[PDB]
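In the form deposited in one PDB entry, a lone chain appears below as structure tokens.
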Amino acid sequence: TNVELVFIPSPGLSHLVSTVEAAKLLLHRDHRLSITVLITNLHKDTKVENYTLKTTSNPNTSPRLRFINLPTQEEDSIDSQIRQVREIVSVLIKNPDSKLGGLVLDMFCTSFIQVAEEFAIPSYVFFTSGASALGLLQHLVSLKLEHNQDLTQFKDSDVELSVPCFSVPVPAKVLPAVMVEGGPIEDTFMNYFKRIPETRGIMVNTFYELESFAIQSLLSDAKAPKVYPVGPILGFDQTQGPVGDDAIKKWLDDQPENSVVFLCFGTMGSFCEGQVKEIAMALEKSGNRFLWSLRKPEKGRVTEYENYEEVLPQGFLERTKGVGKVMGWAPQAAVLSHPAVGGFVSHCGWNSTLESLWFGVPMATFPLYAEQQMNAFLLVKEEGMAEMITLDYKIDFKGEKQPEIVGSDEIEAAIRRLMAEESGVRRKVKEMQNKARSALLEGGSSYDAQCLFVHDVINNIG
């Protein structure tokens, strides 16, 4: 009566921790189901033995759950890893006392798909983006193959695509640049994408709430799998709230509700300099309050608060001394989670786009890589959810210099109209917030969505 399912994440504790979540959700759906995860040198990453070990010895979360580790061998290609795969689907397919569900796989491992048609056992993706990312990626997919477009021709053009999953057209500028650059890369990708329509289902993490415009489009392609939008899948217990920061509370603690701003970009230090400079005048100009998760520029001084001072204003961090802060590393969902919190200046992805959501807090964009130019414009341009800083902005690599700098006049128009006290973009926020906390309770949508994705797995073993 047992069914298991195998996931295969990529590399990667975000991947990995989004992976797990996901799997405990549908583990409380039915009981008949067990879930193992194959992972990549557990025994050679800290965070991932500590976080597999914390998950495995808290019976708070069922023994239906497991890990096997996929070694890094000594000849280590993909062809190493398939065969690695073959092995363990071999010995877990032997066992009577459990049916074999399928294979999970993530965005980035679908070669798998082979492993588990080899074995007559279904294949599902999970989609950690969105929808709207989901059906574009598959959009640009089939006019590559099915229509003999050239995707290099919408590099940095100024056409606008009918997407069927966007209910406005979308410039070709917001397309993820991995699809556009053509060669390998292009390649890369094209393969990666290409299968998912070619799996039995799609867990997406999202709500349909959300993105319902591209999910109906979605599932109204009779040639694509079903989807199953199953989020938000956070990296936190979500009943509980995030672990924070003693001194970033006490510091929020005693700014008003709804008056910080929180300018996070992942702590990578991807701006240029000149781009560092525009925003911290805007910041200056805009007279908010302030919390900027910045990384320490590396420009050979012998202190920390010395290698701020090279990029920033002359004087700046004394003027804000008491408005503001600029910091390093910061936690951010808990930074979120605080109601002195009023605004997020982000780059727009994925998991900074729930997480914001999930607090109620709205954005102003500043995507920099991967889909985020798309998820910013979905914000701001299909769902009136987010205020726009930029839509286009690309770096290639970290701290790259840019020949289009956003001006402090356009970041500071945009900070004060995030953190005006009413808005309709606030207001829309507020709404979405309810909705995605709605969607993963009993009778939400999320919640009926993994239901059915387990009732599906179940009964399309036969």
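Throughout, rigid core stands for the largest set of C-alpha atoms superposing within 1.5 Å between the two forms. Numbering follows the first chain given and starts at 1. Compared with the form deposited in another entry:
Checking 66, 28, 427, 44 for C-alpha shifts of 2 Å or more between the two forms, after the rigid core is superposed, gives a single hit: 44.
After superposing the rigid core, the Cα of residue 159 is displaced by less than 2 Å between the two forms.
Core-superposed comparison between the two forms: the Cα of residue 400 travels 2 Å or more. Once both forms are fitted on their core, a CA shift of 2 Å or more is seen for residue 268 between the two forms.
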Contents of the next structure:
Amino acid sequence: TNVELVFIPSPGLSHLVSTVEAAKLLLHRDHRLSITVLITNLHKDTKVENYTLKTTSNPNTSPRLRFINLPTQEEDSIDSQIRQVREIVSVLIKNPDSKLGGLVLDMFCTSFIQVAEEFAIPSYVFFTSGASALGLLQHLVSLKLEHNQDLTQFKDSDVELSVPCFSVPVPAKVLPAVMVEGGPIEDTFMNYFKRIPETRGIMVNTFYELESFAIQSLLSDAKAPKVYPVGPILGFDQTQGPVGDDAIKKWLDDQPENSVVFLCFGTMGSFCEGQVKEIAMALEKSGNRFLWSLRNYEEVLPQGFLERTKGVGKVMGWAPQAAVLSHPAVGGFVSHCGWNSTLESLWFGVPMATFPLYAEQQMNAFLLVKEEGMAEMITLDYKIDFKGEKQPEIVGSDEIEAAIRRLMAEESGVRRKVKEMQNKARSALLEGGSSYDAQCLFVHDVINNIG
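Shown: the form deposited in one PDB entry; wanted: the form deposited in another entry:
The text that comes after this line covers the one chain and nothing more.
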């Protein structure tokens, strides 16, 4: 009667954490369910070792959560990756005390639908982003595949698109750049997302009160896999607290409440020397207390920037993002609009200033600013990747300073919507919330679809 689920996340510590935290919640919804996560490069990344070890070694983690390593070599393309999953799956169905409920794949792991079809087990997809991204990606896929459209026509275009999962026209400049590029880049990602509608169910990392209009549009197509908004899935306990820092907590305790603006740009926010100097100049002219996570310093910052901003701000490298946003001193967040960073800032009621860089962050910035109105914008169409030997585009310090001033105001319609949306996010995870029911409905359908 026991049902085992196999999760296949994309390589990296990030996508693994969201898979583990989501698995920990689904296990609490049915004691008959077990989850086995396939790790792409366990014995190669020491950060993935620590996370997998500290999770399995913890007595509070469920005993029904197993981590199995995928011994991927260097030359294995999609050919050999399929077999090493097919090998483990064939070993896992030999257990007569468990029924394989199916494969739950990542957005970049939809190639293993082949394996699920060979073993006559269902296929599922865990979308680590929001519903507005899913509907947009399927709209762009249907445009090229079903309407015979050259998606490069929207590249650097001032036109707007009528996307079904959006209540406002979506500018072509906020589209995911990899979908309007063409050639090998577009082909790689189109083969990733076009196989999603061929699954049984799609788990989305969002809640209904956030991206309503998109979820209704995704569910309207009955000829499509049912979507389960199980978010927000965050990279900490979501009930105890994230790991912090003493010297960090020391300085923020001295500043007033909602007075420090935090600046972080994810794990790939490598600006050029010019853009960093514009951010530092804007922080100087704003006069606001700031905490800047910057990835030497006196050679990349304006002359005397640290000297003039000594008692008002602090600059550093890597930052405990979730812990900093939880501090009462942080009242602003200049973010790259990553979905995890967006959900973290929403979980702690911190309003955001959009500085999107890569991936779907351009659409996430458009979603929060124009669609929902719960974020001030610095830019919506900024792209960090400069092609050829061309000079990178740069956002001026005046545009950054203006958005910080609007963000750190005592009262604003953005700050009120964020505080209101923060409670709607925390209620969605409590029993009876929208995402709680979605988790229970998902685990219910996984067991019922097996016969």
